[PDB]
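Next up: a single chain in structure tokens, the form deposited without this ligand.
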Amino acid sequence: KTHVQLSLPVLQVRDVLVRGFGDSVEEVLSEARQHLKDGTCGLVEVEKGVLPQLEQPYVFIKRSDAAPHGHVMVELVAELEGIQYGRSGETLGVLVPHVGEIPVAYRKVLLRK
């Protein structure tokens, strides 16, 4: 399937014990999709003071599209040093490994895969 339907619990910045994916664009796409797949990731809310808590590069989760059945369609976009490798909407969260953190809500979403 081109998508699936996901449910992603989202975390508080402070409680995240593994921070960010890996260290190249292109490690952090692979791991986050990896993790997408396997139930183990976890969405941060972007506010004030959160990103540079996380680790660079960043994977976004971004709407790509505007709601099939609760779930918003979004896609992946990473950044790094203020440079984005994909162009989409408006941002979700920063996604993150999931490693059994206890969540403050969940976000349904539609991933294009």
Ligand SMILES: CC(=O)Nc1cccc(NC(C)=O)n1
Second form
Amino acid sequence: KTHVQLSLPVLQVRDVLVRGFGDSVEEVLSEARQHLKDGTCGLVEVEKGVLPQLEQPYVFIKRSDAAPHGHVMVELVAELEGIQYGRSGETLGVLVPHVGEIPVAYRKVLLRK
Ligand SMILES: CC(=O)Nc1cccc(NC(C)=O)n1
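Form deposited without this ligand done, so how does the form deposited with this ligand bound look?
Expanding to the full complex; the earlier chain stays at the top.
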């Protein structure tokens, strides 16, 4: 399928044990995709003070459409030193590895894969 229904665990930034996916734009987008497929991807909601606590490059999920079965359509956009790789809508949050942190909520998304 070109799109996949996912429920992402929403994590508090201070709980997150692995604060990014790797060391290059290409690696973080690769790792983010693999973790989304394997069900090992969490979401951190972006507010004042959140991003400086996480590791660059960042991977955002961004709203791609203005929501089948409650799942907001999103795509991946990476960021490194203020340059973004991709073009999309509003940030739903930043993706990180999920290694067993307890979530506060779930974000239903439909991912263009
Ligand atoms: C079934 C499933 O979850 N598939 C999935 C999810 C996220 C990513 C991908 N594959 C790619 C290439 O992004 N496949």
